[PDB]
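Peer 1: Residue strings, one per chain:
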Amino acid sequence: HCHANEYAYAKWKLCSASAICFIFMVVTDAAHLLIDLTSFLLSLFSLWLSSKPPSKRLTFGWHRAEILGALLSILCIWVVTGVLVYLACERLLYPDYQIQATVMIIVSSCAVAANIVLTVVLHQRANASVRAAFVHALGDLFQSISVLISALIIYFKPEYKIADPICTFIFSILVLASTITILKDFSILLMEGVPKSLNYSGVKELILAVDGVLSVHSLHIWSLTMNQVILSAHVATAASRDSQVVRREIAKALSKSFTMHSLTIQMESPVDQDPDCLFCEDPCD
Amino acid sequence: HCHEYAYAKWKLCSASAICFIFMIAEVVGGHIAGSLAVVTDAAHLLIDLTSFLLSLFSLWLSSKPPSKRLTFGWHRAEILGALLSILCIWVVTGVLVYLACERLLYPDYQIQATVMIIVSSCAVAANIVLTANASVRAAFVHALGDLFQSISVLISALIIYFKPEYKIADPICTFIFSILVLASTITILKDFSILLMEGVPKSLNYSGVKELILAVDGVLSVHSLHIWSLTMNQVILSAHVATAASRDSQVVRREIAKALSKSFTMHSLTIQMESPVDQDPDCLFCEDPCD
Ligand SMILES: [Zn+2]
Ligand SMILES: [Zn+2]
Ligand SMILES: [Zn+2]
Ligand SMILES: [Zn+2]
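Heads up: the sequence lines are chains B and A, in that order.
Per the deposited numbering: the first sequence = residues 52 to 54, 64 to 85, 100 to 199, 210 to 369.
Per the deposited numbering: the second sequence = residues 52 to 54, 66 to 193, 210 to 369.
No lab work stands behind these hints, which were simulated from the structure alone.
Hints should not be assumed to be uniformly reliable.
Unchecked claim - Counterexamples of contact, computed for chain A against chain B with all Cβ distances above 12 Å:
| hint | residue |
| --- | --- |
| 1 | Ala77 |
| 2 | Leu290 |
| 3 | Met351 |
Claimed, not checked - Here are the computed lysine-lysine pairs in the DSSO-like style, where the Cα-Cα straight-line distance is at most 27 Å:
| hint | chain 1 | residue 1 | chain 2 | residue 2 |
| --- | --- | --- | --- | --- |
| 4 | B | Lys268 | A | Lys268 |
| 5 | A | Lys340 | B | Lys268 |
| 6 | B | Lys126 | A | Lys280 |
Stated by the list, open to error - Estimated spans, in silico, between C-beta atoms of each pair:
| hint | chain 1 | residue 1 | chain 2 | residue 2 | range |
| --- | --- | --- | --- | --- | --- |
| 7 | A | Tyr67 | B | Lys280 | 44 to 52 Å |
| 8 | B | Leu108 | A | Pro354 | 42 to 50 Å |
| 9 | B | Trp72 | A | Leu121 | 47 to 55 Å |
| 10 | B | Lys280 | A | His345 | 21 to 29 Å |
| 11 | B | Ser125 | A | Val157 | 29 to 37 Å |
| 12 | B | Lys71 | A | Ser262 | 34 to 42 Å |
| 13 | B | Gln198 | A | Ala188 | 51 to 59 Å |
| 14 | A | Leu282 | B | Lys280 | 43 to 51 Å |
| 15 | A | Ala337 | B | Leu298 | 23 to 31 Å |
| 16 | A | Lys340 | B | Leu258 | 37 to 45 Å |
| 17 | B | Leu282 | A | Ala87 | 45 to 53 Å |
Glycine residues also receive a C-beta, built at the ideal position from the N, C-alpha and C atoms.
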């Protein structure tokens with residue numbers, strides 16, 4: 052008949077961390107004291123949207139909205155990065171600037187400790213929702229050390245005085261290198277692309293492992309947000325065989341292969357027309 | 052059975079290049095000259111430029127057929143680029159309102175708008191020379223719409239040449255134009271978001287299509303009804319259905335899909351055509367959409 065364990069593990073992840081970065085929240103230096111707080115509050119928002127039920131307009135529910143908000147946060151990250159870059163290139167163009175070289179250090183003192191508390195505690199031992217907040221936390225950890233160490237030279241030998249530019253540069257660059265991966269991941273998720281953890285051809289062999297299947301076309305198997313996969317394909321079997329028990333055994337095999345979320349099978353007839361099935365011939369791969 | 067590219071590129075890539083140099087002119091008149099009002103349409107021209115860009119981009123993608131990792135072609139990358147361009151519009155409007163409210167609170171500036179007027183005067187004249211299916215009309219309506227916006231920027235600045243008394247025509251006009259453009263963004267982004275989360279198309283109705291299902295001799299009971307569209311107008315269908323053992327299930331779904339095609343166009347569709355086991359009270363995982 053084809054028919064709150066791990067998501068609930070996330071309630072104790074940010075609801076506290078939100079208040080923590082809130083307490084965390100020089101006047102211009104306190105600017106990024108909220109870029110993390112807002113992001114993680116929106117992450118919790120995404121969690122509550124994952125809690126939502128299905129509907130008619132949204133038959134599957136309100137799930138991918140989580141990735142939507144995630145990528146929105148990532149775009150705001152893209153934003154704040156370029157902001158810092160503008161500051162750095164301008165202050166390169168304006169190499170003159172005066173401020174005590176430790177007043178920012180002494181407040182980055184708690185910051186490096188502030189960030190690392192929430193960052194690596196949020197480290198894994210696998211919803212990307214958590215990971216998106218983590219790489220942000222891991223991201224602003226760079227902001228914690230972008231000026232802390234890079235200003236000590238000014239405090240010690242200001243004959244260079246511009247180590248903050250290069251350190252900000254490299255840290256923002258590494259944040260972006262962190263982004264690119266999950267960026268392309270989220271893309272192919274929303275791009276209706278099959279999940280990374282799966283091998284289309286592998287699933288094909290899983291199918292063909294049954295005596296019943298003689299051919300399969302119009303196969304489509306993509307996933308929801310994280311581990312919720314949807315399956316569709318056509319199949320022709322021996323006309324002598326009972327599709328019902330056949331398809332039941334098929335679904336049995338697909339389940340015993342690995343997890344599923346939703347499966348549809350056309351169960352076509354052997355009849356069928358290969359020479360012009362080219363419309364769904366095969367994925368070019 | 053379960054079922066020009068050059069000119070397509072050229073007449074649209076070249077047209078986008080015409081819009082590009084349009085932007086180029088209105089922006090070389092833009093920054094150093096005045097820096098106050100003219101930049102308003104700049105984005106609008108630029109955002110429509112990017113719209114044409116991403117449409118031809120999507121054609122370029124469609125030139126690549128689907129693959130193993132991509133079962134449905136590079137279509138939805140259209141929406142990706144669309145929403146990204148939307149966010150660019152949002153950030154440019156944001157910096158615009160930022161500087162505008164700053165100049166409002168900080169009146170410390172001065173402008174000889176006249177020399178900045180004529181560089182923006184022929185700009186709307188350039189909007190005049192650039193003038210079917212109710213879409214080209216909608217584009218002509220868009221064109222007419224662009225005028226109302228573009229023509230408004232001058233008439234504001236003109237009396238100021240005679241009336242230095244107020245001088246505040248630029249902030250308010252920039253503000254209202256930002257409102258119009260952000261409202262357009264709101265509309266289109268609501269549309270595209272509802273499209274995402276694998277939403278059903280607005281042009282169609284779940285209840286209507288499921289009634290079309292239930293209105294056939296074969297059907298006895300359906301469930302798992304999951305239907306939606308890809309990017310713009312290509313819809314996909316998935317659902318289960320049980321009926322009597324006597325029915326020739328194959329021809330049943332055959333005629334079902336036939337009547338569905340008859341109802342309207344689809345891109346893909348699958349049906350499981352389930353059995354009269356029917357664990358109805360335990361089908362709560364597939365009982366109905368909450369609506
Ligand atoms: Zn079922
Ligand atoms: Zn075929
Ligand atoms: Zn087929
Ligand atoms: Zn059920």
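Peer 1: With reference to the structure, classify each hint as holding or not holding.
Peer 2: Hints, verified against the model:
no.: 1; hint: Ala77; in the structure: holds (28 Å)
no.: 2; hint: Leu290; in the structure: holds (15 Å)
no.: 3; hint: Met351; in the structure: violated (7 Å)
no.: 4; hint: B:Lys268 - A:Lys268; in the structure: holds (23 Å)
no.: 5; hint: A:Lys340 - B:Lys268; in the structure: violated (39 Å)
no.: 6; hint: B:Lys126 - A:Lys280; in the structure: holds (21 Å)
no.: 7; hint: A:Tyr67 - B:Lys280: 44 to 52 Å; in the structure: violated (32 Å)
no.: 8; hint: B:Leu108 - A:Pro354: 42 to 50 Å; in the structure: violated (60 Å)
no.: 9; hint: B:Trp72 - A:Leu121: 47 to 55 Å; in the structure: holds (49 Å)
no.: 10; hint: B:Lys280 - A:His345: 21 to 29 Å; in the structure: holds (25 Å)
no.: 11; hint: B:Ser125 - A:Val157: 29 to 37 Å; in the structure: holds (36 Å)
no.: 12; hint: B:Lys71 - A:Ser262: 34 to 42 Å; in the structure: holds (39 Å)
no.: 13; hint: B:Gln198 - A:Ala188: 51 to 59 Å; in the structure: holds (57 Å)
no.: 14; hint: A:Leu282 - B:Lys280: 43 to 51 Å; in the structure: violated (32 Å)
no.: 15; hint: A:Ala337 - B:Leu298: 23 to 31 Å; in the structure: holds (28 Å)
no.: 16; hint: A:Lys340 - B:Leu258: 37 to 45 Å; in the structure: violated (57 Å)
no.: 17; hint: B:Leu282 - A:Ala87: 45 to 53 Å; in the structure: holds (51 Å)
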